[PDB]
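We have chain W; now place chains V and D with the ligands onto it with these hints.
Each chain, written out:
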Amino acid sequence: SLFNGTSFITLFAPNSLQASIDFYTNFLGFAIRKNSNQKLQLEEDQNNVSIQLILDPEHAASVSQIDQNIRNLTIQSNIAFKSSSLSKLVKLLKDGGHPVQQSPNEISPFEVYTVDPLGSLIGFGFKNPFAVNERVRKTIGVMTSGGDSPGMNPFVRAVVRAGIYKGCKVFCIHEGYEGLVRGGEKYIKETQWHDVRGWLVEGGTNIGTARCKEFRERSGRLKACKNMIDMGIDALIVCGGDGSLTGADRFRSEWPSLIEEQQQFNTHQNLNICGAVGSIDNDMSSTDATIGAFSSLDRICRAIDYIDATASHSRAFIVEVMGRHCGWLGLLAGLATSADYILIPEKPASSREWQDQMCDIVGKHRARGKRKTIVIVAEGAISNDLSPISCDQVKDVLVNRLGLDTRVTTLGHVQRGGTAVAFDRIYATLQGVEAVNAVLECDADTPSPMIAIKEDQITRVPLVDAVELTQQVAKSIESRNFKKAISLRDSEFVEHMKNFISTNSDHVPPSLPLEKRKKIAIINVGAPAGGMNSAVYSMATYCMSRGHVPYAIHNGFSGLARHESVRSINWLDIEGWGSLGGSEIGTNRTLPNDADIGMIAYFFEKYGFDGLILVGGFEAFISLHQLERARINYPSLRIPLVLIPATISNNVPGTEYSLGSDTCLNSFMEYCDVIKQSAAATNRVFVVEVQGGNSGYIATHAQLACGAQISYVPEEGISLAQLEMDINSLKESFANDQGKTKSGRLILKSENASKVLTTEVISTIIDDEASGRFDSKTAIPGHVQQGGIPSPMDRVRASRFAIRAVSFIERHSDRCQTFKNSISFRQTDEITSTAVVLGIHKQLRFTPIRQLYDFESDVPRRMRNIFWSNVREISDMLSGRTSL
Amino acid sequence: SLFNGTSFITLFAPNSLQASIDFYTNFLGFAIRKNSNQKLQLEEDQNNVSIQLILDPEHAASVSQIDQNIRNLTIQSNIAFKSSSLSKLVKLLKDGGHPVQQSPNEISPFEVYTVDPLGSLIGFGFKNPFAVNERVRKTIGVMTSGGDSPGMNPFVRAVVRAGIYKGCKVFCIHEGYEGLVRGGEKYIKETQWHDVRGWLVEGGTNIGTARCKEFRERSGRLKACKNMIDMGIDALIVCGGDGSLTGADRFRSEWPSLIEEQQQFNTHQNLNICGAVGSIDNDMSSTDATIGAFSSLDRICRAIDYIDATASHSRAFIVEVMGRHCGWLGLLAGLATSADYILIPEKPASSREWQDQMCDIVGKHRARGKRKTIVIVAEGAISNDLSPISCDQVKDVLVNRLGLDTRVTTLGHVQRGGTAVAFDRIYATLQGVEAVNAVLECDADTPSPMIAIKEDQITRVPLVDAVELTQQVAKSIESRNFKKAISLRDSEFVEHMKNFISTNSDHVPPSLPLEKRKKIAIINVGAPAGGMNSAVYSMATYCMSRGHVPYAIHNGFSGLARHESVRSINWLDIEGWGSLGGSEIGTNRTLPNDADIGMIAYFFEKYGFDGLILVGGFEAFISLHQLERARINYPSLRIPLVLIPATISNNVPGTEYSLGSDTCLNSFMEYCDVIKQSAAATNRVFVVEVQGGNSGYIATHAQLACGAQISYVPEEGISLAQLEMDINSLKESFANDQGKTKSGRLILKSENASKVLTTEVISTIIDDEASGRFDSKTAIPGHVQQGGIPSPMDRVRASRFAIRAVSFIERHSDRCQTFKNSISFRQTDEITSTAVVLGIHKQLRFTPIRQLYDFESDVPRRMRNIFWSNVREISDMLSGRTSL
Amino acid sequence: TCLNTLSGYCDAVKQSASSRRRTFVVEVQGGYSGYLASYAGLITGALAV
Ligand SMILES: Nc1ncnc2c1ncn2[C@@H]1O[C@H](COP(=O)(O)OP(=O)(O)OP(=O)(O)O)[C@@H](O)[C@H]1O
Ligand SMILES: Nc1ncnc2c1ncn2[C@@H]1O[C@H](COP(=O)(O)OP(=O)(O)OP(=O)(O)O)[C@@H](O)[C@H]1O
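Chains as they are written, first to last, in UniProt numbering: chain W, 5 to 19, 21, 23 to 45, 49 to 83, 94 to 143, 145 to 155, 180 to 305, 314 to 363, 365 to 558, 560 to 736, 738 to 897, 899 to 920, 922 to 941; chain V, 5 to 19, 21, 23 to 45, 49 to 83, 94 to 143, 145 to 155, 180 to 305, 314 to 363, 365 to 558, 560 to 736, 738 to 897, 899 to 920, 922 to 941; chain D, 743 to 760, 762 to 792.
Chain W on its own, in the form it takes in the complex:
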């Protein structure tokens, strides 16, 4: 050759040169050569990189300035550099106020500009995978107050263990306030780690609750205070209801009872108090869900489900529901089971008599075809003038004003009994953990906390402010401002109230003007998930409520493209869909591009859809992206596209909650309970194979809810060293069972955790290593974990999300029709925002598909960064697991 190499790049500056000298040194890692002849930029030793800078007026300030702004359009001769890990330099430039050009933003060549524009950077000569990247001590006291609430045992179990782990004595105050006022070893017993064994499954309260008359007065409040100082209890944890916590709050302000009658007064000077709501009511204001609320809701829906599971004219059914102060149970049961009329204290009849209101609503439903009328009566069922409405009152109206043979079903204690539902076990446990930390982290300047849940996230809220707010609601009801009372309840309550009345109301003129009425379609994509049918039911009934035309695309994208599966949704045909499992519409894993994308687009324009709602898992996630990217070709797709994640796995990015995961979690939790109970009957372990695919979410949560010793997850895998360590753990566990409760042992193994170390292989290794001291058996239930009848939570969440989806389509349709009616569509930012994923984040938000697909997902064969890391840590803590 003759052009043997590349010595240096020569740059000419106007007259000033320094701006570029600062750029190439800070941004590129160059350095000025020692002793400059006039007033060379080399990179480093053992190299050949050089850039020459001259101040001779050969390049104009006017030309260079115009060229810099000219480049701000996203052609000119340039120079490229060989540089490893371009991703780091791109961030350093962008954040330094410099624009950059790249290949997939993953990335291949990077290109920026100085006073000397177009300074390129390549990560290699020609196309190939790139050049490798170079170089505190206090004793705790737990108590439960008020009526039995499922999840009280899981909470106490958590407090006992968390406190023990954090190195402090835990005392269980038996018979709540009574035990606290009476005191002594009789009521205040020191609790050990093994003493709260298998309490997850146990219903009610093993500690016990009692109404203390004395604690209502300063007489008892003082006696209780003495007993704590005598027992050496430095901190109190109350798990109970409204008054149960208000009384604890009053005890907090009244704590300065120095009473001369100083060593003890010096040490036990401040009251470390923490509250957690142990109620089925869900009446407490600063939390979204109280402990026991969803289990109670579950008992109610279990009864309604059985009632609906029959034939017949002239039949009405009354479900008498427990819950004195709030209407949450009534409203949510009503929503989950699509009840005709609900009698709750927050929404009494106003413009007309409750009997006239009921008869009108019931009548309209029967007239349109609905033969099984269900009426839910709250304990707090009331009229405008605060007159309580009884069941018999309601029964006589149905029997005498209408010709209906009415049969009353009353839950009673059923609504407090049984094991806590997966949500209550998971949340009560985490709340127990938090209550301990809160109590330890407490300082005299910090206001006494109450543990609360705020949109699936554990938080700390001041107990005084929560106690005050609940009273404000009761005041609004008593002062007859029901509209106000409703707004005072949590944002979920107000949304559910709106959701229910709208879905309950096709049989009334539309709520939107003719012009604002649209054509919205719904599809199910992926494997079935509890709530798919509820999302369809809620969306169709809400559409009818607004005046929209709800369309159902039967059997996914394959059904549309190959068979024109666009079908109308009739109110009578969708009767009971909210309670049905699977997908009535039909779901499959077929992607829009695996079906004809052109044909999907053709039918979208033939039927003139103004929006689309996708209910499904990861395939429905890819589907959104495939439909979004095809917008350039097809104007028919330039409409709002919304995804409501529905997978038992919870592998879809955008949400922290996927529809059907609670239904699945609860069915597996019920399965694991029976397996652990069986292990408890025989020195045996069970290796339980878990579903959810490449997502370790279900095994994580099932470990927490069931008390499994280990859960093997796909994100971590299964190492031989961890397996040997865990087997030795089992060896020691059984050697230490001599004396304690025999609760049984579980190991949960997600099928994807290891392809080699399988459930069956793992179990044979346990037997080999056990050397006859115990045995191991597998439990492989299979891809049946889906479950039939969806959980009340799933039915409720699906309703909420379906409505938020329709409402988003309403908002964005006007903007879309600009891109729809126009060619020359250059795929802007205003349009990409309409293809979105509805999700829970800490906040219920719509996230554009672009950011979640490109950045938040393993788009490839994995189909899945996790959030459940803390849940994992706590479940290993509670079971004594040692990781590596």
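I should point out that these hints are in silico values taken from the structure, not numbers from a laboratory. A hint or two may mislead.
To be verified - In silico SDA-like pairs for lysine to any residue, Cα to Cα no more than 20 angstroms straight-line:
hint, chain 1, residue 1, chain 2, residue 2
1, V, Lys101, W, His617
2, W, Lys147, V, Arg616
3, W, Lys101, V, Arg616
4, W, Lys573, V, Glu229
5, V, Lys660, W, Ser5
Below, chains V and D with the ligands without anything else, positioned relative to chain W:
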């Protein structure tokens, strides 16, 4: 809408209209409407297809003619038709003399032209998989003659069974001509199907051979003739050597020996005779390989391999080879084992004394570094003046003219003993089958045939013409025209002679002028295969012979792109490579596009390669196509690209023989023999898992060579009905073993035949069904079947193909450099021809990669239309298998 | 109790069998006697037992 449908297309004709009327009716299926108003073309009833033709002068003859020719360049407004199975119409148009335009030629839209041009046809509205496609008796006598030749038993086994199957009595003439002349039950015994059990393995001849002095005269020839008519033998099959068949040929012409001394003379009037060459010599002229030739060649190479497997200066080794008339064994052993000097009758020293010639060649080899000198002496080793050259003669020259301690190795009877090699078993068997058919199909007007192999294909050749031609060769040797004698031998012999002397001759000035000398590179792609190293050895030594620069690309495309693995080939470094197993260069399954195609192209130009030789399987097949398709981007790739198929599987289209398949076949055949022998020792079956992937070639051939009862192949699969039928076959087989030879039973199952019904599963089913009457055991050898030391056939074929590859690159390089030195490369037909696959077809031919990839292969995950269908039919016939 | 557990289990099987799965082979652990399997078969509407 307003444009509600499409009624009809209206076409205007000049004045004549009829040409188009004939086109749309014959080609499209239209019909003229009954009773025409002036002097409508509708398709069919219950439809809406119509084309109106008017003779009004609205379209000009000059314009239309110019438009038709204008379209002959591969834009205009057109009409498309909905039509199912476009493939059928495209063929009908093309063959009817009409040009067509299509998408992948698989195909999506079809477009042709009439007097009314651009008549389009679509197979659907928008992109999706297309619209579904609408709606004779004579008794045979076998004998063997001449010296023991491996494969004589497999041949007789074939004749006995084939003849039995075709419904005719088979008699085995013991002691050849002696038995034929003596006659009687003593020498002419009736043979049964079970009497030839396990003869595949048996060495020599179970019937026996004898030199009959009497048959040389008319005295014996007459006695033999009588014995055939007395035994009622209507047809004779001779399996022997040259004279053995010449004597049969003389007996054929002398057959009209009516001799009165008429019932018998009327019936037994004509001699049905068929010949097959049973010789180690390979001296017979009309066949490429005689039965026993490759087994004998194998014995020789086995000895030479052991000789080479040691250290040492002043050492020479003489291999005394059996083979009186031909030099084929000497030449092929010399080629397969890269011997220094060979003494064969066809190529005696001419321009100088044999001692001077030998010493020069041997000397040059030792001087360049080769320490182990191997000299092969033929039985027919001769000088110019036809003086026979002995071993001692050769020994003294090496011991006295050079200072070498010479050790002679003489094979003797070793060269006739042992079992027949896979090639001999497969070929002798098929020849036996053919000999029977030939003998039955024979008529008095048909000249007596001899069964011959012509480039891996069984043919019939007139025995007289083959006898005459062998004499012509002997005449040429005796008349001292050796150059003539060489040309008179088969085309493979002349090529091998050329191949050997060129590869034997780096140590002599190049055979090409400076200008005609090139830079040729070689790669190994895929899994290793016997002959990969031989192809490299032969190509490098041939390159040095021509004056080319042979380059080796180490570790496939990954080694080139990621590591610059271009390495030179030194003659001394490649010593013994032709005999080594695997790939010394290094092979992998990495494709040019999975490695950097730009980087491959960069190094191709950096080193300025004038051609490329790919030695490998299906990945090397895809590689060719990937390199061919990248030619538009890279001028560096616009050079001849040649693929020499190398797979144990034989899955590559273009050849009927892939390098390493004989090595593999033989190793598996040796394995199956031991397994069958073991089955024979115990009422037992063996299910033997076979390699080769999705290709059923190896199991097909192993079934024939080993005498397996069944072979389960991936092309057919394994049905439960066939499995039950085959198990019942085994049940009956063992019930009938009472009395016969216990030879053992095998079932060969290609791993890919069934994913569910696996070797282990199949065998457990056999045991279940067997009901204790016999048992089943598996034999799973694994991916070890590759084999070490490649077969002499593989070493020899690889040499032949490597040379044909270099010679193709020589021919095509000049044409390529036109496309190489030029941009504006539009990817013509002259260039696509240079990217080729070297192969055996019936003929040795180079096939352009384009036709084999697009049309002859399952490009996808299968990696594979079969030819071995007949072999399959025969192996089922010979084992009594009943299919479904 | 077992037959009740099985029928319920299979009801969930047939529901999950409505692009996931079609046919299910439910394994019944009733020892060396076909009673459990036979009973379970009748009450679940199994094709083959
Ligand atoms: N308690 C309820 N249970 C079920 N649906 C209800 C209930 N109250 C109202 N709805 C829904 O709202 C629709 C309208 O109710 P209505 O006409 O009585 O007006 P309203 O503003 O809710 O009543 P009011 O002004 O008396 O409080 C009903 O027909 C029904 O479908
Ligand atoms: N019998 C043989 N064995 C091995 N290589 C041989 C033999 N005969 C010739 N060659 C090869 O051919 C080369 C050239 O041969 P040579 O110098 O004898 O010319 P030739 O045409 O083969 O001889 P001649 O005219 O005497 O038949 C040798 O150096 C060697 O590569």
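Indices of hints not satisfied (ascending): Going through the list in order, the structure violates hint 4 alone and respects the others.
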